[PDB]
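One chain follows as C-alpha cells, the form deposited without the named molecule.
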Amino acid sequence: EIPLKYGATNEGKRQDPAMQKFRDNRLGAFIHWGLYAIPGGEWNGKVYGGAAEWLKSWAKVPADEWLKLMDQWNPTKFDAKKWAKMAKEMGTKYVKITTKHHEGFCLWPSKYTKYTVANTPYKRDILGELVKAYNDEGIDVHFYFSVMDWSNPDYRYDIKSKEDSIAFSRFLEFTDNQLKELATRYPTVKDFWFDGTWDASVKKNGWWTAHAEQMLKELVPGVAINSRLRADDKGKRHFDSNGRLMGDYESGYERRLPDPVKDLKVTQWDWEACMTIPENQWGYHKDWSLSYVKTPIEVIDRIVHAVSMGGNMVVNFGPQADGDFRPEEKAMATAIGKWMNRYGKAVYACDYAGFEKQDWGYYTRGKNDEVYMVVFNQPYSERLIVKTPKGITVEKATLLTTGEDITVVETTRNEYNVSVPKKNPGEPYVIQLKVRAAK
C-alpha cells in the first residue's frame, strides 16, 4: 500500500439512487459545440485532418484571433426544444454537453470571463436553454468541462518557476469559480465529465482534483464525477497508485471497447464509453470523407457491447455552426431510435449476464433475471449456441418483438442450441430467455 491523501474515495460501485439512475440510463448522447464549429476544420484555405475542435492548435492560431470567432457566433437555426426532441426520439436517457472546451469559449454566460455566449451576436444562454429543454423531456444533463483552457494566460502546462506556481494557483481559483457557477446556475446537473487534465501541471496538483470532486459533490447532491478528472499524490491518473478507481466511474474506451473475453475486470466498476461517428472528430468537421464513418448497426453493436459488460455508451454529435445537425447525424439518431424503440428492453436498466461470450452477439441481463440474446451475426447453422453457467438452465426462449416461442434443444451437459426465428428478422434482434438457478 502506497499511502495517499488524494487517491480513491469509493470502495466498489455507488448504489445510491442517483448512481443507479446514471447506470440504468445506459444510452446517452454527447454534444460538442463551440467556436470550432464555425471553421469546421478549415483555416485560411487548408482543411486539416486532425479533430476539428483542436483546429486552434493544428493551424497555430493565436488566442485573440481564434476567439474573434465569437463575432460569427449566430446559430439562428438553434432550437433547444428541437434538440431535446431529437434526443428523445433517438432513445437517449441523458445528454452530455461541452460547457467549455479547450478553446475556453463558454456556452453559458460566465461572469469570470469575457469569452462567452453573452458576448456574441446571439447573446443567449445556450447551456441554460438546453438544460431546460432536455429536462422537460425527462432527459438527464451531464456537463463536459475542460480544465486546460487556451483562452486564460494563467494556464500552465508545467510548473517550472515560482511565477508559474502563482499563476497556476490563480488559474485553479478561476476554474473553481466557473465550476461553482455551473453547479449553482444549473442545479439539475447529474454529472461532471472532465477533460484537459493530463498536463504535468495538473498531475503535480492531484490535491486540486480531489478538491474539485469534493466541492462539486457538496454543491450537487448525488452528482457523478468521471475518473479522467482525477490524479493522486503521485500524479497517477484515473486509477490511483494502489490501482483503485478514482471518481465514480471509469471514463475511457473511446477508440476501442473492453474485450468481451479478456476484459471482464470492467464489470467490477461503473464505466462509460464515449464514441465519435467518424474515427476521430468530436466537433463539427466539414469533411467526413477523410476517415471511416460508422453505420447505425455498427453503433448499435457498440451500445449493446457496452451494456453487456456493465457499461454505458454515449454517441457523439457535433452540431453545425447554424445550430442544426448535419444529415448523417439526423439519420444516425433516427435509426438508433427506431431500433431502441423495438429492442430497448435489452438495453435500458440492463447489465452483465455472467455467461460465456458467443459469436452470434451479446447477452444482457434485466432487473428481474431476464437474460437477453442480442443477435448481430446470424449463424448459417440456424442455431444459436448457449452455454450456461453451473446450475443454470434455460426454460424458455421467446422472440422479444412478437412473443414467438423459440425452440431450445439441449446438446451437451451445459449447452443448448436456441433456434433462430422462423423468419429472419433482417436486423439485429433479441431473444429473451427464462432461466432458472438450481437451489
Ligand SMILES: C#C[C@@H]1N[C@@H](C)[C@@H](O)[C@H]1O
Contents of the next structure:
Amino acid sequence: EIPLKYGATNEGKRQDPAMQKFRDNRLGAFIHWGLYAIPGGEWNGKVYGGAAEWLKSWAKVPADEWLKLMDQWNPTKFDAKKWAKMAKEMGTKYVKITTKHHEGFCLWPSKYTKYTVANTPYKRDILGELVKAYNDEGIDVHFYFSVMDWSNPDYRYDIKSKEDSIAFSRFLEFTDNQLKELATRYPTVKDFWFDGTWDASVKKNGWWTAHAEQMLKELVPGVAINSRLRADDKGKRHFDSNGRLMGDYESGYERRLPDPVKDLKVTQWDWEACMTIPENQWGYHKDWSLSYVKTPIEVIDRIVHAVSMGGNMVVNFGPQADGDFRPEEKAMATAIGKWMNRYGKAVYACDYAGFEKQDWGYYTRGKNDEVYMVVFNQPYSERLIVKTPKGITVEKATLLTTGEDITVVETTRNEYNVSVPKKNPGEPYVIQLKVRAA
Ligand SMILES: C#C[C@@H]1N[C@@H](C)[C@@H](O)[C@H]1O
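Structure of the form solved in complex with the named molecule, please, following the form deposited without the named molecule?
Once more the chain from above appears, this time first in line as the rest of the complex follows.
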C-alpha cells in the first residue's frame, strides 16, 4: 500500500439511487457543439481530415482569430424542444453536452470570460434552453467540460517555472469558478464529464482534481464524476497508485471497447463508453466521405456490447452551425430508436450476465434474472450455443417480440442448443431465457 492523500474515495460501486439511475439509463447521446461547427473542418480553402473540433490545431489558427468565429455564431434553426424530441425518439435516457470544449467558447453566459454565447449575435443561453428541454422529456443531462482551455492565456501545458505555477494557479481558480457557476445555474445536472486533463500541468496537481470532485458533490447531491478528471499524489490518472478507481465510473473507452473474453475485469466497476459515427469526428465536419461511417447495426452492436459488460454507451452527434442536425444523424437516431423500441428490454436497466461469451452475440441480464440472448450473427447450424455456469439450468426460451416458445436441447452437462426462430427475424434479435439456480 502506497500512502495517498488524493487517491480513490469510493469503495466499490455506488449503490445510491442517483448512481443506480445513471447506470440503468445505459444509453446516452453526446452533443459536441461549439465554434468549430462554423468552419466544419475547413480553414482558408483547405479541408482538414482530422477531428473538426480540433481544427484550430490542425490549421495552426491563433486564439484571437479563432474566437472571431463568435461573430458568425447565429444558429437560427436551433430549437431545444426539437433536439429533446429527437433524443426521446432515439431511446436515449440521457444526454452529455459540451459546455465548453478545448477552444474555450462557453455555451452558457459565463461571468468569468467574454468568450460565451452572450457575446454572439444569437445572444441566448443555449445550455439552459437544452437543460430545460431535455428535463421536460424526462431525460437526464450531463455536462462535458474541457479543463484544457485554448482561450485563456493563464493555461499551461507544464510547470517549468514559478511564473508558470503562478499563472496556472490563477487558471485553476478560474476553472473552479466556471464549475461552481454551472452547478448552481443548472442544479438538475447529474454528472460532470471532464476532458482535456492529460497535460503534465494537471498531472502534477492531483490535489486540485480531488478538490474539484469534492466541491461539485457538495454543490450537487448525487452527482456523478468521471475517472478522467482524476490524478493522484503521484500523477497516476483514472486509477490511483494502489490501482483503485478514482471518480464514480471509468471513462477511458473512447471509440473502442473492452474485449468480451479478456477484459472481464470491467464488470467490477461502473463505466461508460463513448463513440463517434464516423471514425473520428465529434464536432461537425462538412465532409463525411473522408472516413468510414458506421451503419446503424454497427452502432447497435457496440451499444449492446457495452451493456453486456456492465457499462453505458453514449453515441455522439455534431450539430450543424445552423442548429439543425445533418441527415445522416437524423437517420441514425431514428434507426436506433426503432430497434430500441422493439428490443430495449434487453438494454435498459440490464447488466453483465456472468455467462461465457458465444459467437452469435451477447447476453444481458435483467433486474429479475431474465437472461437475454441478443443475436447479431445467425448460425447456419440453426443452433445457438448456450453454455451455463455451474448450477444454472435453462428452463425456457422465448422470442421477445412474439412470445413464441423456442426449443432448448441439452447437449452436454452445462450446455444447450437454443434453436433459432422458425422465421428468420431479418435483424439482430432477442431470445429471452428463464434460468434456475440450485
Ligand atoms: C481528444 C479529444 C477529445 N475527446 C473526445 C471526447 C472529443 O471531445 C475529442 O475532440
